[PDB]
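Below: the structure, in C-alpha cells.
The other protein chains are all here in position, but one chain of the complex has been omitted.
Which chain is which? They are A, B and C, in the order written, and residues in each are numbered from 1.
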Amino acid sequence: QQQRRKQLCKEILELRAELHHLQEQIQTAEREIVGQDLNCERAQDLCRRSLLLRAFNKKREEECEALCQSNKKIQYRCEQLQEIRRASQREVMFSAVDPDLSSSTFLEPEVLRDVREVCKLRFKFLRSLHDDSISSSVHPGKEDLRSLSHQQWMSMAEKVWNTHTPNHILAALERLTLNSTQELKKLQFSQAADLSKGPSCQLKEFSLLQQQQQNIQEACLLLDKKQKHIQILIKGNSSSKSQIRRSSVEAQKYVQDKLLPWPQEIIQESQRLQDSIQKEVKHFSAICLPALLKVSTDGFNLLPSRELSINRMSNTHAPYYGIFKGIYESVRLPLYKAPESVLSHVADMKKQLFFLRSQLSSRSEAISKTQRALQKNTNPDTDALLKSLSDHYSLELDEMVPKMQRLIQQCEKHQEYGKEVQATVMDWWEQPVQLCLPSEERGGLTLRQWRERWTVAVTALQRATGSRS
Amino acid sequence: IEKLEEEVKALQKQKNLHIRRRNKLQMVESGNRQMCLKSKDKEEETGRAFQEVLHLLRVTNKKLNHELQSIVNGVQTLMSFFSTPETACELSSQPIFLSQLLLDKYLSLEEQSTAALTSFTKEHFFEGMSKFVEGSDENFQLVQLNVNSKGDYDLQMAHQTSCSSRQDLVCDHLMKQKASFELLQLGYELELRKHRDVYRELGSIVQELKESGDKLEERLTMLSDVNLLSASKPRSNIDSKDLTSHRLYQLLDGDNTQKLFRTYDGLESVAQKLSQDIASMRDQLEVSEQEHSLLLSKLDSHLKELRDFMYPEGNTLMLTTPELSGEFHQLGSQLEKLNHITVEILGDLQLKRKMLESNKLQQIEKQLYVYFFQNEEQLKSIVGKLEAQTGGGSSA
Amino acid sequence: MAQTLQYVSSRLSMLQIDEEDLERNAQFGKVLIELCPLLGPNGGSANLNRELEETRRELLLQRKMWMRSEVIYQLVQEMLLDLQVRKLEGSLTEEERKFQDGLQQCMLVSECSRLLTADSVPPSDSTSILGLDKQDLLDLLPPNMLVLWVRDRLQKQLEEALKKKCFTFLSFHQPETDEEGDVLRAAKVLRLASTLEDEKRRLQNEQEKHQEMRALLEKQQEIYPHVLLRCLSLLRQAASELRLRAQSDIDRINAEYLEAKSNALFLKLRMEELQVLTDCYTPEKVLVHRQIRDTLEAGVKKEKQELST
Partner (left out) sequence: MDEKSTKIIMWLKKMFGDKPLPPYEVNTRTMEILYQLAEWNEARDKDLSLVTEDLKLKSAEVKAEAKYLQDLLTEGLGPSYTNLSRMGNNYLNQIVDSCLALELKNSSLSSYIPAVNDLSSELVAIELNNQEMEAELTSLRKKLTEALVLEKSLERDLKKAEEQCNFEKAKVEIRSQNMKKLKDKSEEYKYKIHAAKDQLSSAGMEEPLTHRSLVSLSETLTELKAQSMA
C-alpha cells in the first residue's frame, strides 16, 4: 500500500495545516468577540440615575408643597393684621357732645354704637345685681338667666374685638367715658352754685311728730345702704383699672420675650435647606451605582457587590479589571473560564513543575549511568578497537595469505621433485649404461657376452644345487 | 491505512464543522460589533435623559429657595405688626394691639371720670364725710354720710330725698365704667390667645425645617462616602479587604508569613515566574532528551560498525579470513600428498638395499662393467671362477 | 518487584526509583506500597481529596442555582436589547414597544428597589439613599393593566428565547443539526448536554492516557541503552579476546608450523638423495664413466669429421 499510504499521510499533513489555518481564523474572531462584550452597565447606571432622580424630585416637590402651605398660614395672619392696622390709622369722628347744643349731629360710628350696646347690656346686668343689693339678698334662680346674658355679652364682645380695630374701640371707650363724665359735669355745675348759699336751694331740682321722727330714722338707713353700694363699686373699678395695666405689661413682655427671638432661628434653618437639592445632586453625580448595590454574604454584613472577588472580571469598567486579566494570563487560563479555577490551576501548576523536575532528575541519572558504564566497558576505546580490527585484517591479507600461497607452491614443487628422485633410484639399480657400448670388446668378448656368460654361470650354479633365488 | 483513512475522514468532518462555525462566527462578530456601537449610542441617550431630570431639579431648587425666602419675608412682615412705637419719623402709624397701644391716655380719662364722680360726691354731701373722700391715685373712695345734719322734720325728709336721687346717679355712672373695663380686660385675653397661636405656629414650622435639616445632614455625609463614589486608579498594594488575592499570593509565593509587602505588582510577578519555571523545566527536559538521543545514536553507530566488522555478511561470528582458513586446509593436504611420495621412495629404496645384502652374485652383476674397464684379467678371473665352481660350456 | 515499581510510578510520578532500590531494601518497598492508598494519584492526602471532591459538588450545586436564574436574567437583557435596537430602526410592532416599555421599566424599577432592600433591618434612625423607598419607584412604573399584559406575554416570549438559546448552543457544538428534520432536532437537543460532557471527559481521559504512555516511553528508554551496552560488550569480547589476542597467536603458530614442516620434508628428501648418489657414483665408478664417456665422445668425433668433409 506504500504509495497510496504516502499520498494519505500527505493529505493528513495538508489537512492538519488547513485545520490549523481555520483554527487561527476562529481564534482571531474569538479575540475580537471577547473584546466586544456587553457592558451596557454604564448606560444602565445612567438610566438608574434618571429614575432615582425622578423619584427624588417628586419627594422634594412634596417637601416644597409643605412649605407653600406653611407660607399661606403665616400670609393669612399677616393679611388680617395689615387690614386692622390700616383701619386704625384713620380719623374717627364721633357723635358730638356740646351739651350746649342738642341740635348737633355727627353720626355715631358703628364702633361707638356696637360698643354702647355691649356696655349697655352689661350695665343692665350690673344694675340687676345692684337692685338686688338694695332689696338685700340674691334670691335663687336668676343665676341661669344671668349665665345666658353673660354669653350674649361675650358674643357681642367677641364681635366688637374682631370687626373693629383695637385703637378705634379704645377711642370709642374714651369718648364713652367723656360723655358719661359730661353728664356728671352738668350735675356739678348746677349744684355748685347753691353752696355759697343755703343747702335748701336743692329743693328746686328733685323737689304725729313721733311718727315723723321714725320716718327720718328709716330714711337714714336707706342712705346707708346706697352709700355702701357705692363703696364696693368704687373699690371694684379700682381693681379693674389696675388689672388692665398689669395685663398690658404682661402682654408686652410676652410679645418681646416670645415672638422676637423666633426670626433668627428661622434664618439659621432656612440657610441650611438652601441648596439642599444642589449639595445632594452634586455628590450623587460623583457616586457609583454598583457600589450602592449591597450584598450580604454573612446574613448580617452588607459589602458593596463590586468588592466581591467574583465580580471583578464580569465588569470591564472595574479598576481590578486590569489586575485580574493579568492574573488570567499569568496562570495561563482561557478568557471564559470560571473565577474559581485560578486557585486550583495554581496548585496544578505547582504539581506540574514537581513532575517536570522529577523527569529531568530521572533522565539526567539515566544519561549519567550510561556514560559511566560506557567508560568502564571500554578497554581500549571503540575507535581504537575498530582500528585495531582493521589493522589485524589488512595484516592477514598482506602477510599470512601470501606466505601460505608460497608454501602451497613449494609443496607442489617438492612433490614433483620426489618423482625425479625415484628415477635416480631406478638408474642406480639397473644401471643402463651397460647397453651404451656399441660393440666394445675387451678379451674379444663384448660386455654383453660377459653378462650372458655371468647370467648363464650363476644359473648353472643354481641349477646344480636345486636352489634358485 | 484504515486508521489514516478514518483520520482523513475525521479531519474532514472537523473541517466541515469549522467552516460552518466560522461562518456563524462572522455573523455573531458583525452583530456584536453592531451591539458595541449601539451601546455607545445608549450611554449618550441616557446622558441626555439624565441632564433633563437635573434641569427639572434646577427649577425645583429655585422654587424651594423662594419658599424659604418667603417664610423669612413672611415672618419679617409678621413681627412688624407686633411693634410698640419707636418711631416719631412716622406719627402716621399707630400700633394694632391693645397692649401695644399707649393706654396712658384712656386710663388717665377714666382717672378724671372717677375724679369727676369723687369731686361730685364730696361737694354736695355733708362736711362730716371729710375723712377721705378725696381720692387720687385712681380716684377713690366714698365714706358714709351723717344723715342728721314739725317744720324741721319735713325739711329733713326733703334733704334726704335729694341725697337719695344723687346716690342713684353715682351708682349708674360707676356701673357704666365697670362695663367699659370689662370689655377691655377681655380684649387683652382674646389678644393673648391670638399671640399664643403665633407662638405655636412658628414652633411647628420651625420644627418641620429642623427635622428636614437633620435628615439632610445624614444624606450629605452618606453620598460623600468615598467607598460609594467612583473608583480611584488600581493600587500597587494587595488590598486588605480581599482575602482571595492573599490566598492566591500565598499559594504561589509559598508565603504563610504575614508580609506587609503584598503588592499586586509582586503578585503578578511571582505568577509569571512560575509559568516561566514550568516553561524552563519543559525546555530543560527537552535538552536532556536531545543529550540522551546523542548518547544512543553514538552507541548504535558503534554497534553497527562492530557487528559489520566481525561478521562477513551477517552470517556468523567469523574470526578468520575465509581466504586464510581455506589456505590452511589446502596446504595441509599438499603436505599429506608429500608424505606419501616420501614413503614411496624409501619403500623401494629399502627393498633394493635388502637385495644387495641377500645375493652377492647380484652385487657382482652390477659390477661387471667396472671390472670391464679396469682389469680384463679380473673380469676373466671372477667369471672364470664362478664357472670353475660348477662346470661351464666347452667346445672343442 | 516489577509490580511494585509500576504501581509506585503510576500513582506517584515524583519519584525516580528503580528495581535495584527495592532489591536492596526489601522492606522499604512494602512501605511504599502502603503510602500510596493514604495519598492519592494527586499527591494530596486521602482526607483532603475527599473534602475537595465534596466541596466541588456542593459548589456546583449552588452554581447551578445561580445559573438557572442567571440564564433567565441574561435572556431578559438580550430581549430588551433586541427590541430596543429594533425600536431605533423603525422595525418594531406597537405591541413590542409596549412589551419593551413595560419590561424595561420593570427591570430599572427592580434594580433600584434592590439597592434599598437591605439584608439588614434598618432602624427608623437611618436614611435610605436619597430619602426614597420602593413605593416611590413603583409610582413611575406604567398602570398595573399594562404590567399584567406584559407578564402574560412574557412566558411565551421567554419560551421562544429559551428554545432559540438552546438551538444556538446546539448549532455551534453540532453544526450537523441544522440540516436535520424537526423530530431529529428534538432528539439532538436532548443529547446536547450529554454529548458535550462526553467530549470533555474524553479530553481528560486523553490527558491521563498521555501521562501513562509518557511513563512507559521513559521506562523503555531506561532499559534500551543498557541492552545496547551489553550487545556492544559481547562484540568487544569477541574482538579482543578472540580476534586480536587468541586468533593472532593461532594464525602465527599455524603459518610457522606449516613452513617448518615443508622445509623439513624437503631436506629429508635431499639427504636420501645424496645417499643414493654416493652408492651409485663411487670414485672408481666415476673413473670408469669417464672412460665410457670418452669412448662415446671419441666415436662421435670420428663421425663428425667424416660428415663435415
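Note that contacts are C-beta pairs under 8 Å (C-beta built on N, C-alpha and C of every residue); 3 or more make two chains touch, one makes a residue touch a chain.
S.K.: Could you tell me which displayed chains border the chain that was left out of the figure?
M.R.: It touches the following shown chains in the full complex: A, B, C.
S.K.: Among C:101, C:111, C:176 or C:180, exactly one should touch the missing chain; which is it?
M.R.: Considering all chains, including the one not shown, the answer is C:111.
S.K.: Tell me which of A:343, A:456, A:460 or A:461 is the one touching the absent chain.
M.R.: A:343
S.K.: May I ask you to list the residues on chain A that touch the chain which is not drawn?
M.R.: 16, 19, 23, 26-27, 30, 33-34, 36-38, 295-297, 305, 308-310, 313-314, 334-341, 343-344, 346-347, 350-351, 354, 358, 427-428, 431-433, 435-436, 438
S.K.: Could you pull out which residues of chain B are in touch with the chain that's been left out?
M.R.: 3, 7, 11, 14, 17, 21, 25, 28, 32, 243-244, 247, 250-251, 256, 307, 316-319
Rule of thumb we're sticking to: only the chains that are shown with their structure count from here on.
S.K.: Out of B-C and A-B, which chain pair has the most contact pairs?
M.R.: Between the two chain pairs, A-B has more contacting C-beta pairs.
S.K.: Taking each chain's centre as the mean of its CA atoms, how far is chain A from chain C in angstrom?
M.R.: Spacing between the chain centres: roughly 49 Å.
S.K.: Where the CA atoms of chain A average out and where those of chain B average out, how many Å apart are those spots?
M.R.: Roughly 13 Å separates the two chain centres.
S.K.: Send over the residues of chain B in touch with two or more other chains.
M.R.: 21, 35, 42, 219, 223, 292, 295, 299, 302, 306, 309-310, 324, 328, 331, 335, 338, 342, 345, 349, 369
S.K.: Show the residues in chain C shared as contacts by 2 or more other chains, in ascending order.
M.R.: Those would be 81, 129-131, 221, 225, 229, 232, 236, 239, 243, 251, 258, 262, 265, 269, 272, 276, 292.
S.K.: In their complex, what parts of chain C are in touch with chain B?
M.R.: By the definition above, chain C touches chain B via 81, 84-85, 88, 126-127, 129-131, 171-172, 175, 178, 221, 224-225, 228-229, 231-232, 235-236, 238-239, 242-243, 247, 251, 254, 258, 261-262, 265, 268-269, 272, 276, 284-285, 287-288, 291-292.
S.K.: If you look only at chain C, which of its residues touch chain A in the complex?
M.R.: Within the complex, chain C contacts chain A at residues 13-16, 42-43, 59, 77, 81, 108-109, 111-112, 114-115, 118-120, 129-132, 136-137, 139-140, 218, 221-222, 225-226, 229, 232-233, 236, 239-240, 243-244, 248, 251, 255, 258-259, 262, 265-266, 269, 272-273, 276-277, 279-280, 289, 292, 295-296, 299.
S.K.: Can you check the complex and tell me which residues of chain B touch chain C?
M.R.: The touching residues are 16-17, 20-21, 24, 34-35, 38, 42, 215, 218-219, 222-223, 292, 295-296, 299-300, 302-303, 306-307, 309-310, 317, 319-320, 324, 328, 331-332, 335, 338-339, 342, 345-346, 349, 369-370, 373-374.
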